[PDB]
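Every protein chain except one is present and positioned as in the full complex.
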Amino acid sequence: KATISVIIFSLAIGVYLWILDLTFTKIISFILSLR
Amino acid sequence: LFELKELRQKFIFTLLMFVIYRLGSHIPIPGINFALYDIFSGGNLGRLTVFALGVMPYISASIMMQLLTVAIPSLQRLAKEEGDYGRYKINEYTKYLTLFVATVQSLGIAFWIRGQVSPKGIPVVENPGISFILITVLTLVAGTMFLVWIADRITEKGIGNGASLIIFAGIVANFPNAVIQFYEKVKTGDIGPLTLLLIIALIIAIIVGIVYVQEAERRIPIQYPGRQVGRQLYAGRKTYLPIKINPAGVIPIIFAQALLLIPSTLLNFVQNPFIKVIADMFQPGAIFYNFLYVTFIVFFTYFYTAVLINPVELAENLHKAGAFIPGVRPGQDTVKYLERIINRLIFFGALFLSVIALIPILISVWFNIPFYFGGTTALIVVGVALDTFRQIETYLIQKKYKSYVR
Amino acid sequence: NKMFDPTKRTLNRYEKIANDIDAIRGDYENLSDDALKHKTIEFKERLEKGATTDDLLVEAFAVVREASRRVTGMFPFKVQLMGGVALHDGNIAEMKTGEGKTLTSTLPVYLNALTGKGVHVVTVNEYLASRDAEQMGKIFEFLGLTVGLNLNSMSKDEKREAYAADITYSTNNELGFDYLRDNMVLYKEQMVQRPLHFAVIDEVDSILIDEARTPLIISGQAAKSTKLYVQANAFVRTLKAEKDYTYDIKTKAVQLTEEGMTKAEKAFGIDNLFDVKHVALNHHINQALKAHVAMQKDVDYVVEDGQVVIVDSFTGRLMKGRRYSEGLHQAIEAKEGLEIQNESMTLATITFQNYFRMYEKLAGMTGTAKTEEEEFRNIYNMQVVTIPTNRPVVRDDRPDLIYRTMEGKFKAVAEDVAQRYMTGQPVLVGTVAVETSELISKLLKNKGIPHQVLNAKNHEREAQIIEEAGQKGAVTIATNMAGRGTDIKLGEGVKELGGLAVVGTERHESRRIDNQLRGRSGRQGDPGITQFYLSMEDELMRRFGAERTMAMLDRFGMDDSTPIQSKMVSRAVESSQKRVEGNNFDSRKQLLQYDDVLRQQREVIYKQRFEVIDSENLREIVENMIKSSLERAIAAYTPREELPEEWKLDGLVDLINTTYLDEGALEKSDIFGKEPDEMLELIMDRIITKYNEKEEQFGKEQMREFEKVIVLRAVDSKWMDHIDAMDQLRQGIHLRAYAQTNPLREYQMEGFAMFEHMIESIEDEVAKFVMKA
Partner (left out) sequence: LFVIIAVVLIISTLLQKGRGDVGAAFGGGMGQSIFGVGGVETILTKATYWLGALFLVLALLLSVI
């Protein structure tokens, strides 16, 4: 049903978390690491 | 493609959110980083805090208004003015209310944590500077602001709870990345990823409960402030009918679940924390406690949430229920009709949600895993996820009609 | 920087602009007669467009004020001059008395109108439409223009010339109806409003208050009419059978308990379980029950032998034949005697945001309150320019003296009017409604006191009274409907003591309004006196905030005399006033928000009607969509349940119901399977286009017109019809509050789904109709 596409979306949304998460760790560590 | 770019807003809040959060966790002075149970969890009182005080004041804010209005409906002239008038006034009250409560949590968490926690860089020079007490109170109150300020803005683009879901996105994200999920098992914990497929099965189940146990009646009045109101006999042809009933709200299981965590928490860290193995209060008592989740969240919430008052406004503005056979009897008798449906459907809801926590519980018969991390976090992650779907649903589809195509 | 800093910042801004303009006025005094006329021609040629020529405003306004000096008078004040300026800006200058209003509006009206578009002037009531229309009129002929005001039945000339003319004066209620008048119109020659952007609102404090939408509903073809007549007769009498304990308060809704259920069985309908699929009967009982109770027939009065039940309600003053609802109008008729046939709908719109915000800006006059700015943000996006003219609030106003248990207070007020009468003070009162007003006069009569009553009894009376009320010792009583915004003037010497006197029957549903009735004493900048008499028993409190007042008083003290206002009496009531006002705000939002999504659906709908009226040969498009919709219907098939599937019996069957017409085309013809859309479309399209022209044989001239009546009536019909359904949807919103969130969510979903369903339907019916003859 709609749900099937919802699941595909769920994976997609998750991709964002993985991707965004990477940014956080990256930038955040940047402040600590550099300075 | 699938994206059909249009929403100017979509990426905007998303990217913006990532920036604010990374700094938020790493934050100097706090950044205590963590819930799992006892060891994995953490906190002075028992609040898993990704960061010092912010999600906590959120829950606090929500709960403050929730229970207060619940047990005592009208302390002072504001049940609901007209819904809006009553609501805005209510929300303003909520803002200040949660704010102060956050402060209380501020000093307390500050004291216990700074003094004796697993590796903490925190230096101590007297109360170094303005005390980790006064100084942490600073980061705690001020901290409450940077998150709160962030949350509101988040509320503009993402959501009031978008911020929460992000928290889930991160935590939920942390483990699948395989940060540290390769360890204890009978030479396993790395095979049987069927578990991934099975969890997927869990996702499908979740969508089912929330369609709402749904159903409704008829009639429409409208009163403009003034002398009169109108009525209409019949006319118009169209599909679409009324739907009133509902399913449990967003994180109910978590609310009830936390209550369980309270006795269990005491048992894992008593003075000179005795991890009572004989009485393992991590898991063993769990069956009893879990049922406790059922009674408190399901039953009590449903009563107030169901808003006992409903038959009044309904029966009052001329209504005869519609659902599963033509409706009839008005008055209190109808509350009867509804009462049966609400508690009944709730039993159904209990079956699924409880099945969630239960699900790792059911599977873990043959080869158990010490790596529980998952489950609840999913219930929440999906929850906001579906919620965001709500934002797209309304936002989407512009005037389809004057498409280029005739 | 949001604060006084902005209001004050405003002060210098104008103070500067004013100085410059003021200089202009100075040199100009050399009696520029014909030269001024040249000025009218020069400026007229000058703008010719929305360019917002600011420079002109300085020289032009100067000509305006002076033009007035030549015309008659009323041109020496500031808040007005500045008024027009901020007005051009879209806010609200003024506060009343002197200031301007008459002249004020005229100033910006002149500059903007020059565009040649025609400008809108929002005025509360028709009597007023005439007011400003003539009062300012001389400068107009001077400036060589064509004024133009609209009125309930007519403006003496016609609608077309009226709007297209220069200045467009009128009442909003009308302006809305005119705008809407723009729907069924089979033709377009109908000048029925030339586009509507700009407007200044005279007594803006109201432009907001107009909560309930503006619907124009005429055509009611009641199939049921004969039944309703006999049936309603029985119905109303039935409720009469029942007693008082029906419980009807705080809202228009009503139902009854034990005696109620018992009554339901007591009269035809032995069936205890009435609800099952037989609410309709109950509907009749509730109808009368509500009618006989909810609105006293006396609100809904009938003019002398007019026998026409006319509703004066909602701050009006007698609106000829019409009704807010489908159930009520007929219900009360059942109560009175002559019963009507009609019950109809058509179109509705938000008077303000949907309408005004639909196009351009607004600048109101008078009310300075705090309550309006938020509103001025949410809907309009205007601000407030508070400015006192010469000698501010010269008048005195006394407190809300209170009295207990019953209207008996009004009795005391009566003696009060007398003492004033003896002192020779011209008085006036602003009562709540018709009934009370009458009783009020009756009291004066018992006492033997002269007076005039303009409680919408007769329109002509409103005229005589205007110059009449307040003529030294005079005594007048009128409804608030007459009670708001008027340039009244006292005769000579009248002001000798106190000046003017005003007594209110109570405190209205809103704070401003209460003030407004009061404000009715003070023009050109003179003194006066105001006082309010309220009763713990009156109305505002009787239903609203009664629960608390009781303890507050009972615990406080029962025994005493008539006058009191020591411990939070006036204080408490005031809180309730805002409270009640608050309810209005809340209901304001619901219809406002929903109607907003409606604004968009509606736009597509009649805008589409416009296109159809304008263009001739929709032919290829209409058929095409009719086919694409129909074919896709046969087409819907995909993996799934598959609505259709272009196969054999499956399509033949569903398609037959899809194409059920007396006409015949390949219906029987089976065995096929050349599905590329080219094939299916061509065959049906040919039968249409071909038969179309074959049909076309009737007449070039006549035939063209057919789509006119058909397209509009048919399309118009479906939407208005589905609009009634739209009413039911509002019920769905009633639901949203519990379960999910509350953003008008469920409504939005449904609004669209309903409407895509709506249009597809249109092509079906409108199409088949083109065939028959």
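Quick notes on this structure:
Going by the order they are written in, the chains are A, B and C; count residues from 1 in each one.
In this text, a contact is a pair of C-beta atoms (placed from the backbone, for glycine too) under 8 Å apart; a residue touches a chain by one contact, two chains touch by 3 or more.
One of B:7, B:23, B:275 or B:355 touches the chain omitted from the figure, and that residue is B:23. Among the residues B:35, B:110, B:113 or B:148, only B:148 touches the chain that is left out of the figure. Residue-wise, the contact with the chain that is not shown comes from B:139, picked out of B:139, B:305 or B:317. Residue in contact with the omitted chain (choice from C:53, C:346 or C:742): C:742. Checked against the full complex, the candidates B:77, B:95 or B:400 give a single residue touching the omitted chain, namely B:95. Mapped onto subunit C, the interface with the missing chain covers residues 1-2, 374, 377-379, 381, 589, 593, 596, 741-744. On the side of subunit B, touch with the chain left out of the figure occurs at residues 20, 23, 26-29, 58, 61-62, 65, 84, 87-88, 91-92, 94-96, 98-99, 129-130, 135, 138-139, 141-146, 148-150, 152-153, 155-156, 159-160. Annotation for subunit A: contacts to the undisplayed chain at residues 31-32, 35.
Basically, only the chains that are shown with their structure count from here on.
One finds 43 Å separating the Cα centroids of subunit B and subunit C. Distance between chain centres (mean CA atoms), subunit A to subunit B: 20 Å. Subunit C has its Cα centroid 51 Å from the Cα centroid of subunit A. Of all residues in subunit A, none touches two or more other chains.
Subunit A contributes residues 3, 6-7, 9-10, 13-14, 16-18, 20-21, 23-29, 31-32 to its touches with subunit B in the complex.
The residues of subunit C lying in touch with subunit B in their complex are 211-212, 251-253, 255, 257, 273-277, 279, 282-283, 286-287, 290, 294-295, 299, 311, 313-315, 323-328, 343, 345, 509, 548, 579-580, 582-591, 600, 604, 621, 624-625, 628, 718, 720-732, 734-735, 737-743, 745-746, 748-750, 752-754, 756-759, 761. Residues of subunit B that touch subunit C in their complex: 77, 81-86, 212, 214, 216-240, 242-247, 306-307, 310, 315-318, 320, 326-331, 390, 393-394, 397, 399-402, 405-406.
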